[PDB]
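As C-alpha cells, one chain now follows by itself in the form deposited without its partner chain.
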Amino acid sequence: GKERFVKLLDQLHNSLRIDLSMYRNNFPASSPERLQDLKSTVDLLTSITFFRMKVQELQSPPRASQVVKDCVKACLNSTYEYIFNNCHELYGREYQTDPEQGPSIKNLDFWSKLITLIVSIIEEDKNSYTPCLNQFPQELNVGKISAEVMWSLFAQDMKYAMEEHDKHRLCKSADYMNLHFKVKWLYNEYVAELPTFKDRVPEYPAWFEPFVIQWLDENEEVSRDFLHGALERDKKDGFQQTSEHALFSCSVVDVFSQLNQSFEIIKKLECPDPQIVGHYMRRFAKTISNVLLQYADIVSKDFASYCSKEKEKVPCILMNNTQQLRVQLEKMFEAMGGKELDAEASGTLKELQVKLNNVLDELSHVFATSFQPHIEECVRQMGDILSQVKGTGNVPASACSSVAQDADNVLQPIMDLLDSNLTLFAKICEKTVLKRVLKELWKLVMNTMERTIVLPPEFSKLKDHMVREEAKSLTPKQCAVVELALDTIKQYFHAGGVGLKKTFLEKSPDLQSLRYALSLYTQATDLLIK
C-alpha cells in the first residue's frame, strides 16, 4: 500500500540524483532552454524532498541543498576526469594559435594547458550554473564548489607530478618557475578566499621549493658572470663617474640592478609560506654576499695598480664604489624585510656589511701608503729647513725671520700635498670615504715626523752595556717653529669643519706619540708646571 509509494519516491529521487550528477553534460550551458530544465529538475527534487520532510514525518536527513551539492561534486569529479584525459585536444581546439599525451616528465606543457581548462570550468560554473541553481543561495554556490573541487583534484595530481620532477629535473628551471607562477594565480584567484582555505597556509609552495633553489643556484652563477663583464665594460671605460653628483662608476648600478631583478623574480611569486620564504631569502643572501665580496675582491686585486700620480681620481672612485655597495646593500636589506627578515638571512648580510666595511679600510690604507714615499721626502725636506732656523735679531738686521715666517717655510714642502690633493679629495669623495682617507694620511704624517725631524738619539756602548745617548736639544726658536708648524698641520686637517673634528685630532695617539717624542728635544721651552 503505502510501502509501494515510498519505494516509488526513492526511485524518483534516485533518478533525479543520477541526472544531476552529470548536470554539465546533461544540461550544457550552451542551451538556455536546457538550463531552465536543470532549474526545473532541481525544483522538482526540492518539492519531493520537502514533501517527505513533512508527510513522511519520519526523519528525512536528505536535505535538498546537500543532495544537489553532492550531485555537483560528482559532476565536477567527472568533469575533471574528462578535461584531464582530453587536455591536449580541448586546449588546441580553443586556446591555440600556430598549431604519452597527458602528464609528461620531459615537459610541463600539459599542466599549463590543464590550468587553463580548469579555469574554463570554474568560470562556467560561476557564470552559467550558479545563477541557474539559485534555490539555496546560503548553502549552494556551484561556482565556489567548482573552485574547491577542481583545485583539490588538480592539487593532488600536481603534488605527485612535482615529486616526480624533483627526482628527475629534465626541464629548464624557467619552466618550473613559470608553472609555480601560474599555480599561484589560480590559487589566489579562485581558492585563497574560500572558507576551507581562508585560514591555514597553503601547501602548493612546498611542491616547487626544490625547483626555485635550483633556479637560485643557477641565478647566482649568472650574477657572477655578469659581475665580471660589468667591471670590464667599466674598466675599459675608465671608471668614469656616472654624473657630477654620482660619485661612483657605472658597474655599481649594473650589479645592484641585476641583484634586484633576481630578487624581484622571487617576489612575483608572493610565496605565502613564511618558512619557505625565509628559506629563499637565506639562499639569496648567500648570493648577495658572494657577488658583492667578488666585486670587492676584484678591486683589491687591481687597486694598487691604480695608485699613482697619473690617475689619482680613479682610486678615489673605487673607494666610492665600495662604499656604495655598503649603502645599496642596506637598501636591499630593507627590501628583503628588514628586521622581519629571517635571522640567518639577516645575519648573512650584516656579517657582509662588516666584511665590506673592512675592505674600505684596507683600500684607504693602500691609498694613503701610496703617498708614503712622497711624504718621507717632504718630511726630511722640512727637517732640513728646521735645522737652519736660528735667532738672528741679535744685530739690528731687521730682515730677521719670525717664528711664524719660519714655520711657513718649514711646512711649504708638504703643502704641495694639502692644497693640490686634500682639495681634490673632498671634491671627489664620499663623506665617509674622505673621513677614512684623511684619518690615514694623518697617521702617516705624524708617523713620518716622529721618525725624521725628531732624529731620536741612538744607542752606544757606554761602559759595559748599551745606553741611549742624550737628545740634542733644539734651540728655543726651533722649539717655537716646530710647535707652531705642528699646530698648523693639525688645522689643515681640520679644514674648518670639512675634515676631521678637533676632538679626534687632539685624542689621536699618533699625535701623542709625536708630542712625547718632541718633548725630548723641546726641553728649552717646555713648562715644568703646565
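Throughout, rigid core stands for the largest set of C-alpha atoms superposing within 1.5 Å between the two forms. Numbering follows the first chain given and starts at 1. Compared with the form solved in complex with its partner chain:
- Core-based superposition between these two forms leaves all of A397, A174, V354, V222 but one with CA shifts under 2 Å; the exception is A397.
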The other form holds:
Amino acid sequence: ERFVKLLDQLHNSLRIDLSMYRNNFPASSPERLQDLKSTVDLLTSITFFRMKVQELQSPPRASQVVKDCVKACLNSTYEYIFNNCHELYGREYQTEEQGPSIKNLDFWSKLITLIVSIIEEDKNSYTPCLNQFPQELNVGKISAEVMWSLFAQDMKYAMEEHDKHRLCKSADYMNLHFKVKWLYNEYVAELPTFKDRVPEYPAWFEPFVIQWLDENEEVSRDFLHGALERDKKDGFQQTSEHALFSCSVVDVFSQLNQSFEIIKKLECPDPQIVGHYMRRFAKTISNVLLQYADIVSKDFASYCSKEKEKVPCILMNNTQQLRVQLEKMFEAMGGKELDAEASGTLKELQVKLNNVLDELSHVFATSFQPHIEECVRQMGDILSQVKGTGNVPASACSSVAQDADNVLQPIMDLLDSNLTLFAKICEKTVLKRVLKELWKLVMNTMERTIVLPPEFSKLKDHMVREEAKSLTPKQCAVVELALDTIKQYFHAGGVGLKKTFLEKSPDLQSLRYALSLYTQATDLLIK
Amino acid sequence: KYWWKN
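Let me have the form solved in complex with its partner chain next, following on from the form deposited without its partner chain.
Shown next: the complete complex, the earlier chain at its head.
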C-alpha cells in the first residue's frame, strides 16, 4: 500500500517535469531532447504497469496525460511570449508601456510572429521527439490549437476595445486582419475543432473594414474629380483605335477594382459578413459612377451643339462603357450568388446609367434641331414648287423620282457628313440611340412644317377646323417617295435602325396620318 | 453616295 503511493509520487513528479517540457528540455539540445523522450518512455511504462497489475480504472492512459502536460507548457509558453513580446522580437527579428497598446497595433503583429516560432518549434522539434502515440498525440497540432485559442481570446478583447476608441489608421487594422487570416489558414483551419469553419475572427475586424470602406469611398470620389479634369484638359481623347472611350473611364475602373481587390485578399470565410462588405462597396460603386455620369451630363451641352462633335460621341461611349464594365464587376463580385441587397443596388444602377445615356443622346440629337427645321422648311418649299409638266419636251420634264431627290437634298447634305462620322466613332448602342433620336426629330419636324393641319376658324358659331388644301397628285407621289426614301436612309442597309423599328415607329405613323389629310388625291379606298 | 459605305 506504501508502494502505490510511491508510484503516484513518481507519476506526479514526471507530470511536473513534462508540464514545462519546453523550458526543461530545450530544442537547442539534441541530448536534452533525448532525455525528454526517455522521460515519456518511463511515464508510459509506469502507466502500463498500473493498468496491467492494479485496476484503478486506469487514470489516463499515458497519451492523455502527456497531452495535458503539453497543453500546460503551452499555456505557460503563451504567458512567457506575451509578457516578453517586445524583447523577444527586437532581439531576433526587427529589420515603456509595453504589452497591448490602444495607440498602435505593433504588439499584436510581433506576438503573431512569436506564436508562429512556437508552433513551428513544436512541429519541427518535439513532435518527432514525442512519437510514442502518433494516432493520439501530435504536439505541433496541439501547439497550434492552444496557441491560437489563447491568442484569439486576447485578440477578440483587444479589437472590442479598439472598436470603442478607434485611434489607429484603418490601414493598420486592415493589415492585422490580413496577418491573422494568414495565421488561421496556415495553422488552424484544417484542425478537427475548426474544420467545420464559420470562424469567429473576421467578426472582430468587421467594423474596421467598414470604416476603411467608408474612407475608401471618399478617396475614390476624390480620385474621380481629377481623372476627369485630367481627361477634359487632354480633351477627351479616344484611347486607342478600337477603344471608343477616353482615359478617365479606364482610370475610374482601375481605382474601383484595386479597392475591390483589397476586400478580396481578406478571404473572409463568413458569408454573412462578406455580404456586408459587398452591400457597402456596391454603394461606393453607385455613388462613384453616378457621379461620373452626373459630372458629364452637367457639362455635355458645352462640348456639343456647336462643332466639334467627336467629344460628345466619346462622352456617350464613356457612359456606355460604364454600363459594360459595371456588369464585369457584377460578375467579379460573384453575380447571381451575390448578396441580394447588393445586386439590387447595382441592378438599380444599370437602370440609372441607361436612363442617362438616353438623356445624353437626346441632348446631342437636339443640337441639330435648328438646322433640321431649316432643312425641312427648305424641303416644304421645294415640294410646293412641284408641278405637272405634260405638254413640255421630254428632256425638260422633272420626274417624281428626280423631284423627291431634290426635296431630300437639303436634309441629306446635313446628315451625310454626320451619320458618317458617327457609326465610325460610336459604339453600336450609342449610334442606335442617336439615330433613333434623330429619326424622331426629322419625323416630328416634317409633321409640323410641310403638313401642319388646317387652322380653326369661327364657323357660324362654334369654331370648326377648316378643310385641308389637298396636295396635287404629283405632289402626293413626291411626298410618299421622299418619305419612303428617308426610311431606307435611316435603315442604311443594316447599320442604321432596323426596318421593323422604323415601320412600327409611332412618329412615322403620326406623320403618315397627318400626310393622309393632304394626300387624298392618290390614297386608295380599298387597300 | 450612301453615307454608310465608306
